[PDB]
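Below sits a lone chain in structure tokens, taken as the form deposited without the named molecule.
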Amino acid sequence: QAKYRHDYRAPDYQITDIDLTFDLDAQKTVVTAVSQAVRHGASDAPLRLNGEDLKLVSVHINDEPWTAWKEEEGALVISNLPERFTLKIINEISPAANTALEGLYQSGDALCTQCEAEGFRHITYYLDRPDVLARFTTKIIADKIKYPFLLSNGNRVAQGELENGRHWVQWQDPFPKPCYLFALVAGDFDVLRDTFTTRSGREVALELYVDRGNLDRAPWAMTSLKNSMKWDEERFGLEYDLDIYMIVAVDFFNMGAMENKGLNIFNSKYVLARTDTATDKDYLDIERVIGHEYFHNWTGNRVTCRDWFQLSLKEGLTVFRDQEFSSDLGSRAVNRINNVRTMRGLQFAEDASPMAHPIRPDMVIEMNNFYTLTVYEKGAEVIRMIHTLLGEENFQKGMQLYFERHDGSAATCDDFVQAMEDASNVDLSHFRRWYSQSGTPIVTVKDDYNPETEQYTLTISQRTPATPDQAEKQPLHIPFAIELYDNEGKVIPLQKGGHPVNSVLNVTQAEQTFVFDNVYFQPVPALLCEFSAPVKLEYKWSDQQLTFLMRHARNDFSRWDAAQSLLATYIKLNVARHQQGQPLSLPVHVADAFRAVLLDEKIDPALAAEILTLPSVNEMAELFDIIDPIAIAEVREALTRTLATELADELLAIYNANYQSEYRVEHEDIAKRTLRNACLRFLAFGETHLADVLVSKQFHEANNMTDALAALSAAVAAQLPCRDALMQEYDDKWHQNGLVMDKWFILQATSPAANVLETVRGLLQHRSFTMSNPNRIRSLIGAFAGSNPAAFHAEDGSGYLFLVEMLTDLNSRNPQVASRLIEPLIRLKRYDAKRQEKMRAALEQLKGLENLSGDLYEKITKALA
């Protein structure tokens, strides 16, 4: 049932225009689709239309009832057609019965759609493939009282009233598009309207639709949209191309958001915010996602994907764009740090799992299973490597050539690389292998300083371990950025033979040496600067080299990275000790390094905050071949407690110094607050009474949700006396707000308490929880299985049994959310034999489920192989 990239073949038929009519009703919606088709293939080829769960009413060709057709599994095959003709299909669908949230479905009282990857075929029989671009016109007919707003892509070109309290609106989107970009929304909303005038003077009407009563949480998203539009103009020279830009925030949505042309549909978590309900993180995430979907207007919509194996063509590039947007507007160092934590702690884990795949997949069973950390985040790292090799100027020339050549078409990853190569004259032939090879490369570095010749030599090797999907691995073109520092922290000019050498080394062979002369003093190297390539670095650092970099490295990312390498050594040491029943051991000079960060009056608070944020349990897991989740969790707490004790006075001093009476969603303020709360994490583990008072005080005195949640999280993390009271107070105050309660469910699910599973199971009956909402599911069940590996991997196997129960429900209800939740279970080979046995048993139980979804089937099969 798997489909392969190498089987791509141009369509036998194209549809150039489609006129849709929806007679809307939650129980029974009637769809009438009139398509203008043109044959491109053999004259005897039948037209094969994709369709899922549709009730066919009639088929006409040029108004003639058609008798030469047959329905087969997932398709409508029409034979003996003319070269050009008008196809008319009438079918019925039932939005209310759509619990998978794919196609046209119900979200609360509203009706909305999600068509990517292949959801449009759940609406009508069509050429549901992205290389078929048609001009859409959409007429919507519905009850006026229940659905006063009827929206689709483009501009409103017609509207009217009908008998029996019904009305209609017709939309026209002039830009040809693949059907995955089709969108329809119907319902009653509050609307925030604003305007943005492009650089050339185009006035764009901005409209943000939210559920009634949510207007007080819409301004930030609107502000972010305008910021996104302005930034794309300034940085990429791109302007919006339509007259209106609509965004609809819905409560039931499997994805974070969707870039439907001129009518984006967003999961409300990435839209709604006000100071008492949203944290600094929420604000920055809303900025990131609003920008992301907007950036897709060019990288995804004006230039789309030829086939789904090319998904990264738009996702990797658009993620790169949203990272550059966030970085330009805020702290580049903090953004880079956050994105590298995601790569090392989450994406590396995926590349080391049964689901490993190159950013451009070669084999797919269920395409929705490929909207991954790999396709998105590693995809962006690959785009960033191109940027690193070309430089901003040539990168932009590449973007320009890409649009000149492919604007208005469906392209491939190769087309993009070719545009970059042609515009810059930089050979990316070898570089292309990054698109075809899965797994994380390991770069080993050995060095030598020769005082006799004053030369520094780097011997660099690379290798990518085989993965389940590929037995063959080859060397890649790895941009390896370096910087050399003398004893005083000054940069040593890179040169050889009297000629300067670029700091970005081209590591293209299995092994090679790089010689630098005129190195008058033994240098301390900064390697893989700014995480120049998505690889694991193996270099025999001395603790002093690392603390030296923490104090002298020019780029703040290097300082944080050095601290990570320093901590890695001792996290590994102490996990081994834990398995031997021994307590934490840490050399004095290590605690000294963090004390120095706290007392450094010149360091950016933004950087200090990240250095003082210990790697997560998932980040820590990637430092080990075989994961011991319990040892990792206990060591993380022990490390927190030790630093809390050794730095008690300094932590409190910095906590107080960064107090801010005014709350501002401004980067300098966010940095100080992030630092203050980073200190709070440690202070929560100080003398019980002292910690309990400090934490309870912040929760009650907080004038924003960032500080309130930080305090609540600390109470849970340290199991402080005030915990139960604060948690109940939060529940009583916010139970009616799902997005706010999600933070609470996450805290319950990731609690270090011994009875966490019992609590989580009980919360399935909580008034704020429901299996019908993906956000609730992910915040409670997903957080438990994926963010509390220590509890999920309880030795008795209770965690696996719980997940099996939940997946048994979700497999039938919502396969996509079920597939997101099964990920922790497919990582079984990273655990001990006893755990593997229990996890395999759990997977075998799921494998035998009646009506097993393709989504789960694909992952279960790979995990059990």
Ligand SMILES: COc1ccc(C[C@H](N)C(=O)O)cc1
Given for the second form:
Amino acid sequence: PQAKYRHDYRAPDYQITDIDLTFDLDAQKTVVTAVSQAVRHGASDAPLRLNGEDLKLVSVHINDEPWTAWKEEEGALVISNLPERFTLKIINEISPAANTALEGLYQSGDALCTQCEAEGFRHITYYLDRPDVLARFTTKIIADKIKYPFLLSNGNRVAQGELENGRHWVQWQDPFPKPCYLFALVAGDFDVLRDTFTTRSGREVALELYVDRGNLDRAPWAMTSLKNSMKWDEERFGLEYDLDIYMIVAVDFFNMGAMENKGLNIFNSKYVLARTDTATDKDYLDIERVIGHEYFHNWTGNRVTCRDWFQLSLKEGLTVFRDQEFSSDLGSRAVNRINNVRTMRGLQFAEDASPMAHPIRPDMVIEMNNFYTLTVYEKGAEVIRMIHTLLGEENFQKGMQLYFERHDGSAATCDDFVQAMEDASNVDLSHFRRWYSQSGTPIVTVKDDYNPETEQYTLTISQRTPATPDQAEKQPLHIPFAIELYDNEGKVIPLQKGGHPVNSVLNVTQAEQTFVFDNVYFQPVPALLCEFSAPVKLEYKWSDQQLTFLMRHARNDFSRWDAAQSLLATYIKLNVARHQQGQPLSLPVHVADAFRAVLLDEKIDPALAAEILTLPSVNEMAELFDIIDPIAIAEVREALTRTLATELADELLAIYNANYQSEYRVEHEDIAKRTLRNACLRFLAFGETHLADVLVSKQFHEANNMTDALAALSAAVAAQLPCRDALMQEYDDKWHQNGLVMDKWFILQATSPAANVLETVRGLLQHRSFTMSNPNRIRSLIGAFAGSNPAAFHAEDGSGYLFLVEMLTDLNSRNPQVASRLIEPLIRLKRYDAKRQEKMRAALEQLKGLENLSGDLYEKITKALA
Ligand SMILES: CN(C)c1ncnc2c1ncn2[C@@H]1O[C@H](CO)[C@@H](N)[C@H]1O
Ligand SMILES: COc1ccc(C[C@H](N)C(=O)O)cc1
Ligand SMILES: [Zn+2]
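Requested next: the structure of the form solved in complex with the named molecule (the form deposited without the named molecule having been shown above).
In what comes next, the whole complex appears, and the chain from above leads the way.
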């Protein structure tokens, strides 16, 4: 498995301009005919090197001459002695039914569908499987009409026919040149929800959502959200859909979330199907965001694509930024920002502190499917957001416009995007570019001084990024550091110096620097790194009173939340140390009082209250520590919940009841109230047993929507309430035939605090609703155990590691992409104590020795074991 390097990019020796594909479809043996029009750009003696995996080659012709000057080698078909311009014809066979990896053309239930990103098209035919080769596709699909009445590919239908022996065919054409990773094919029997969207210039677009039979009842929200996505992109970005038909297919078997194939997106059904009894508010909002994300790729990914895979963030950072802006504009901006910061600080930072650390533009990859990461996506988006902070909306949109003017219809680079933004705005991003090439989380240290004689406030700000295993050399970044200063009534102090305004985004560009502010008439309380203005760790010696002051007075909702997180972090760290000494939780009265104040403040948005009242997750807590003690973290989190539950009991029940809603609506104010209600229920579940048991069981039985039902259920499991087992069996009895709904239940099982969780999980491998053939079930049971129950995963007996090794031993062979996601918790071994580290290393060494170890796993194991 050889590493590939960004610096080794070279333009292709050959282009393909046009490809005509024919599929004689059958689940056991599909025959692919591919007729490509090729053009040599490189040296006249260079062979054409086509990529292919697991293909049975039938024939090779060049201008209809059977060719003799070719050879197959590992991963490749190398064709020699070609003319400058020619027609290549390849016939080859593939076997969809054999494809358990779900890469290429595969079976999902009774349907046939494709996944081609990143390098899946080479599993279908021999091709230039690189995203800087852009070709015009025509696709003819021949199949059994009964089995496959719908035959879909990108674009519009150009031809159709019927054949003997019950076969029929449809031919599609997509006018826009594309890299092969955006090819899609779907064949099956579906229900179809059909609608229309008219663009702002009057183009009528046919919208078509394909779902398995009997799922139309779960389709309208996804269609609503597609329309909302299209409107928003018009309003915010000025972008309109460019084709006549927009197709989405929801499939049950899919490794990732969804896929932006031009005009024919393919979605995991998790990110499509919803009705009020099956889906929670968070499912609704995730469908919204994923529908949006894939639609936004139509411009940022498809009309402008990636020169090479190391440029992935060019489309993914920017399309995540767009999905976040879409959700934030339609819904609660602060709740969005809060949750994206929780992901950054709790999950992304862990990656950046791990053996798999990489810059948002990687330099070295073994298996590109391993680089669809929190870093490339979420840190990628933070980097785009920083450009937006530095430029402002108007200049950022001028940059977007210049980026599309220069690069529409091409495969571009991250550097191209940054150049466009610099050139449009006249903001210098030369130093800023280091964010693309440097891995790891910068640590930003802030000291302050108030001089009452001169009425000046001085911030001394330093930065450093620690080395990471991938990069021994680090340098200072251009860090946009947003501040606000508050007087003692809570009013903002104007920032100025020498008689002139100073921008509140400080440019922190050196290892150390000072910023001096004049006409500061009162000692201020600072709000620092406002709206998480750069993806960094902040070190400032906060008093508890400065933090509770911000919770009361800060102008932006995010700051109030962030101040609450800073206040809790001190006390989480205190109590983890106490747990290690066998001492009970300790929490100052004034800290509990600040959370009481949030409960009783009628002026606070409920959406923001709910988030302040949602404790940091065990992953966020782990981020606070150099060495992670997973059992201490889990138990401290429960104890902190119990303490607050006891101290705030009466207020929690008052706010619980005050936020009752008889009508269920998927509307943002209503969601906010429900999130606050259910935030209170999490604490009330740790009340006196009999009170809690009744409250939680009542909500479970009386709920008129799945948000409320699942909140109750999750509380019964988290607090090990007497009603737990009955409620859990009630749910299984009701919902066992519905795998998406059962995933919620598997997550609850896997994340249970019960002593016997591992035994329960292992027994659920045989559950009627579980199967190792379905990525969503694997994620919901096995993934949630390893990744989201770090306490049971890191059981001192080592049983959690042994369990994961067993499951990876299967998955390595079955589905290496899912295996690679699931090994992540073992690759974090150097964050744990020595005894755990030795057990985790033994597990990794077992896996390193597997027969037929996948490249996907090999990459991660060898970084981990270094
Ligand atoms: C589809 N959208 C909205 C995504 N938004 C954010 N990250 C994603 C997405 N799709 C895939 N990813 C990334 O790939 C990984 C799957 O766990 C996630 N890390 C995620 O950040
Ligand atoms: C291995 O299968 C896939 C790989 C990547 C994706 C992500 C999709 N482009 C997105 O950004 O949502 C989807 C599937
Ligand atoms: Zn994407």
